[PDB]
Amino acid sequence: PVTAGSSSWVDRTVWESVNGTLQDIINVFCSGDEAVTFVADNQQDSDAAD
Amino acid sequence: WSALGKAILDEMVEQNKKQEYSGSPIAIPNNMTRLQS
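Chain order of the listed sequences is S and C.
Counting in the UniProt record's numbering, the first sequence runs from 51 upward without gaps.
Counting in the UniProt record's numbering, the second sequence runs from 201 upward without gaps.
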C-alpha cells in the first residue's frame, strides 16, 4: 500500500490461473479410481503386469 | 488618499496570498479516501 488514499486493491490473477490449471491436472491423473496400469507386449510376461 | 490606501492594502493582501500553499503543483488531486483500500 504505497499510500493510504490509494486503496491499492490487489488483483489476484496468478492464483486464478494456478487453480484453473490444477483442476484440469487433477481431473487428468487423479480422476480415475486407479493411478496407472502396466501393459506388456507378450503373453510370457502378462502374468506380472496385473 | 483613498486610491493610495486602496493600492497599499491591495499590495498587502496580495503579499499574504503569494506566501500561501504555492510551492507545489496543483495537479494530482489528493487521495485522502479512507482506511479501506
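Wrong hints could be hidden among the right ones.
One side of the interface only, derived from the structure: several residues of chain S facing chain C at Cβ under 7 Å [unchecked claim]:
id, residue
1, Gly55
2, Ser56
3, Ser57
4, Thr63
5, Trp65
Label pairs and their computed distance ranges (CB to CB) [what the hints assert, rightly or not]:
id, chain 1, residue 1, chain 2, residue 2, range
6, S, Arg62, C, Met232, 25 to 33 Å
7, C, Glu220, S, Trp65, 30 to 38 Å
8, S, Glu66, C, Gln215, 56 to 64 Å
9, C, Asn216, S, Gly55, 46 to 54 Å
10, S, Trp59, C, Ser224, 24 to 32 Å
11, S, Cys80, C, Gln236, 39 to 47 Å
Pulled from the structure, derived: some chain C residues nowhere near chain S, Cβ distances all over 12 Å [as the list claims (entries may be wrong)]:
id, residue
12, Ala203
13, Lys206
14, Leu209
15, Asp210
16, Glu211
17, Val213
18, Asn216
19, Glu220
20, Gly223
21, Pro225
22, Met232
23, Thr233
24, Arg234
25, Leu235
26, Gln236
Just so you know, the hints here were simulated from the structure itself, not pulled from any lab data.
Heads up, the beta-carbon is just placed ideally off N, CA and C, and yes, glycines get one too.
Structure-based check of each hint:
1. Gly55: Holds. Min distance 3 Å.
2. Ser56: 6 Å, holds
3. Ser57: Hint on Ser57/S: holds, closest Cβ of chain C at ~3 Å, below 7 Å.
4. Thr63: It is violated, given that the least Cβ distance between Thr63/S and chain C is near 17 Å, above 7 Å.
5. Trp65: 19 Å, violated
6. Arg62/S / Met232/C: 25 to 33 Å: Once the Cβ atoms are compared, 27 Å apart, the range 25 to 33 Å for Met232/C and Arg62/S holds.
7. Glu220/C / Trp65/S: 30 to 38 Å: 49 Å, violated
8. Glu66/S / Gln215/C: 56 to 64 Å: 59 Å, holds
9. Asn216/C / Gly55/S: 46 to 54 Å: With Cβ atoms ~30 Å apart, the hint is violated.
10. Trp59/S / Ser224/C: 24 to 32 Å: Distance hint for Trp59/S, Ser224/C holds at roughly 28 Å.
11. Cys80/S / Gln236/C: 39 to 47 Å: 40 Å, holds
12. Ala203: At about 48 Å from chain S, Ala203/C clears the 12 Å cut-off, so the statement holds.
13. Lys206: 43 Å, holds
14. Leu209: It holds; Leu209/C is separated from chain S by about 39 Å at its closest Cβ, greater than 12 Å.
15. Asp210: 38 Å, holds
16. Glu211: 38 Å, holds
17. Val213: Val213/C clear of chain S: closest Cβ-Cβ about 33 Å, beyond 12 Å.
18. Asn216: 30 Å, holds
19. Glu220: 23 Å, holds
20. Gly223: Holds: least Cβ distance 21 Å, greater than 12 Å.
21. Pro225: 17 Å, holds
22. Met232: Violated, since 5 Å does not exceed 12 Å.
23. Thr233: 5 Å, violated
24. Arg234: Incorrect as stated: the minimum Cβ-Cβ distance to chain S is 7 Å, not above 12 Å.
25. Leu235: 7 Å, violated
26. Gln236: 6 Å, violated
Hints 4, 5, 7, 9, 22, 23, 24, 25, 26 from the list above are not met by this structure, while the remaining hints are.
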